[PDB]
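Asks: Spelled out from the first residue to the last, the chains are:
2 protein chains.
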Amino acid sequence: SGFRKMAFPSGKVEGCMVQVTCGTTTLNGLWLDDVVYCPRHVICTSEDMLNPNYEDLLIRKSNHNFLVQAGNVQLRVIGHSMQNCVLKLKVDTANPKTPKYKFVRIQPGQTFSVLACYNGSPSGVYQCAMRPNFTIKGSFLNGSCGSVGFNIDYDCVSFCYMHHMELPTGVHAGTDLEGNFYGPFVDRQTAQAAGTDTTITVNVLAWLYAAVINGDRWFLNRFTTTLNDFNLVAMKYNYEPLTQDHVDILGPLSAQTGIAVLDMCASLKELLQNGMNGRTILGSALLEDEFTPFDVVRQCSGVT
Amino acid sequence: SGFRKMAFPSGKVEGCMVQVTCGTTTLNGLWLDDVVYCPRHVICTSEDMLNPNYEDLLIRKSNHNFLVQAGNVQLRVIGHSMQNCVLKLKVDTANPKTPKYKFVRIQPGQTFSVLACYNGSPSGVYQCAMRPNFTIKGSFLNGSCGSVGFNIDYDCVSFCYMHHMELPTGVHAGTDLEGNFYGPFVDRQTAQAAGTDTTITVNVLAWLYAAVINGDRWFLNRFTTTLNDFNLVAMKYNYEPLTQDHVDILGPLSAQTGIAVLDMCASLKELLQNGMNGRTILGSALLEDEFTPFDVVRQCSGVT
Ligand SMILES: NC[C@@]1(C(=O)Nc2cncc3ccccc23)CCOc2ccc(Cl)cc21
Ligand SMILES: NC[C@@]1(C(=O)Nc2cncc3ccccc23)CCOc2ccc(Cl)cc21
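Protein chains in written order, with PDB author numbering: chain A, 1 to 304; chain A', 1 to 304. A prime marks a further copy of an entry chain.
Hints in this document: simulated from the structure, not taken from any laboratory. Be careful, since some hints might not be right.
Said to hold, decoys possible - Partial list, computed: chain A residues near chain A' (C-beta under 10 Å):
hint	residue
1	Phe-3
2	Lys-12
3	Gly-15
4	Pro-52
5	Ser-121
6	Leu-141
7	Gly-278
8	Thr-304
From the three backbone atoms N, C-alpha and C, an ideal C-beta is built for every residue, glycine too.
Given only the sequences and the hints, what does the whole structure look like? Please build it.
Replies: This is the structure in structure tokens:
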């Protein structure tokens, strides 16, 4: 029992973190096999960030201008290429700690763990979600660029995020491991405002199932609703629309608790309309949406 | 910017996790040097837990009855001893992944990361605090016993907790690495109720400083208070008394923000008396108390 915002164990990713320096800019890189991935803005000065032409800036860089350091040993750069907003630095040594891996591009609502790093050294690990506006609410300081987001399936690390940018509003923007930004963000120090941060409805429902499983049942009411009726209320509260696919995904949690998904929807509808009235659910005074249905099942079953 | 419930990177502790089986009971162990630490209740059957005489139960166990498995290889047990509520199993192989370590007994209010494990395999990592009633609000399922709590200082892991028990109320009880329980709990399946879960005042204040640093300033008011006046209100809200030592510990955060500690206390007093009024602080609708002043400085400075 108990339910916590749990991140995957980070060891497999810690063994991949390197420091990349280009000139006077230092950030983090991910060393998988004989390639080091990092944000392409490692080639920029603070003045370059205002209006960078990466292709032109990159012409002035050779293999030897990219200093890659693993722990306290220097890696030899034998190649470099820009792919979208990431640089891939070919090194002469395959990472001996390379775990089994995949590069995945996640959808909004999906959760992942972040291993925040500074100077190629891991400082902490936390869980977050890809917001419906394609930002992430992370914890990143200057030097954290190149920190990655990932999920683990037994022994395979699926890398889904690389940190690049912090918007003026304190939210974060980054890419998948192919260098494509999530959302409309661009790696430039220009005014970029985030869209509406809607609540991930399917995740809130999953977390209400986790609460029932852990004994917090006060919010269960005598009502039911329909997808159309629930969504009318969800729209009004800036909640993402719930679809039959989301209902299907909540099937296993519905079976575990014996509470039909549309009954849980009616409970959520009353929670939105009436508020919490000073009460808490799983130690929270707000409805949590950064636990997917898969995270609830994994945490409540013990997948290792 | 951004502030998350961040755990330490777990790799150094993942390399220590082993599975310990005694008869038909299987739990987790911590392998440091040539010793494996685990809850002494590994020798109990479910019926034994009701009224176990550990010294007597242990007489019926020899070195070969303790099966220690690291990854998928069996370790040879050449000795065993009970120290308080933990068993120390001497094995013939020193853990090659043993990090630099210490065994520390933490005080209530102190935070640590937990690497939840099942069958010696890490499933997740989260941050929690030693509650003032000596329980921890963790996330532990059956088989999670032997999972450890720790803090890291650069490359030294300070192990402070080993998970043993779940109270009927869903809160958790465990020991330091010398086998002494935190609080009055005993490793027996008997009625043990927790005391008052007071709020860690110094941690709430630290988190209010983290909020100011991250831009959430709405709750800053025009008032100040005294330690005596603040504590009168803190007692009424089941908040731990604030002392001059806590004020001293908040000194660095007070300097960073320019907000005197007693002014932050007055802000907290108004928050307790008036509530949040539907507003949030660092994405929370309640006052968070599982971030120490040291965790705030570390997260807001980037200690690796
Ligand atoms: N360092 C690159 C930089 C950045 O986002 N900084 C940061 C990113 N994340 C946390 C930060 C906390 C504090 C200070 C800066 C942070 C600088 C600002 O302009 C930009 C603009 C675009 C891009 Cl792709 C990167 C950047
Ligand atoms: N397995 C030992 C056991 C335990 O606490 N179980 C658990 C501990 N933590 C999470 C659990 C989630 C679900 C199921 C059991 C859990 C069993 C119950 O009686 C006791 C009594 C004392 C002690 Cl020192 C241990 C125990």
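Asks: Is the interface hint for A/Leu-141 satisfied, with its Cβ closer than 10 Å to some Cβ of chain A'?
Replies: holds, 5 Å
Asks: Is the interface hint for A/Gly-15 satisfied, with its Cβ closer than 10 Å to some Cβ of chain A'?
Replies: A/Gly-15 check passes; min Cβ-Cβ to chain A' is 7 Å, inside 10 Å.
Asks: Mind checking the CB of A/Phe-3 against every CB in chain A' and telling me if the closest is under 10 Å?
Replies: Interface hint status for A/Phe-3: holds (6 Å vs cutoff 10 Å).
Asks: Was the hint right that A/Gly-278 lines chain A', CB cutoff 10 Å?
Replies: Constraint on A/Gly-278 satisfied, holds at 8 Å.
Asks: Verify the interface restraint on A/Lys-12: the C-beta must sit less than 10 Å from at least one C-beta of chain A'.
Replies: holds, 8 Å
Asks: Can we keep the A/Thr-304 interface hint, with Cβ of chain A' closer than 10 Å?
Replies: holds, 4 Å
Asks: Against chain A', with CB atoms and a cut of 10 Å, does the hint on A/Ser-121 hold up?
Replies: Result: holds, 4 Å to nearest chain A' Cβ.
Asks: Less than 10 Å between beta-carbons is the criterion; does A/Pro-52 satisfy it with respect to chain A'?
Replies: violated, 22 Å
Hint 4 from the earlier list is the only one contradicted by this structure; the remaining hints agree with it.
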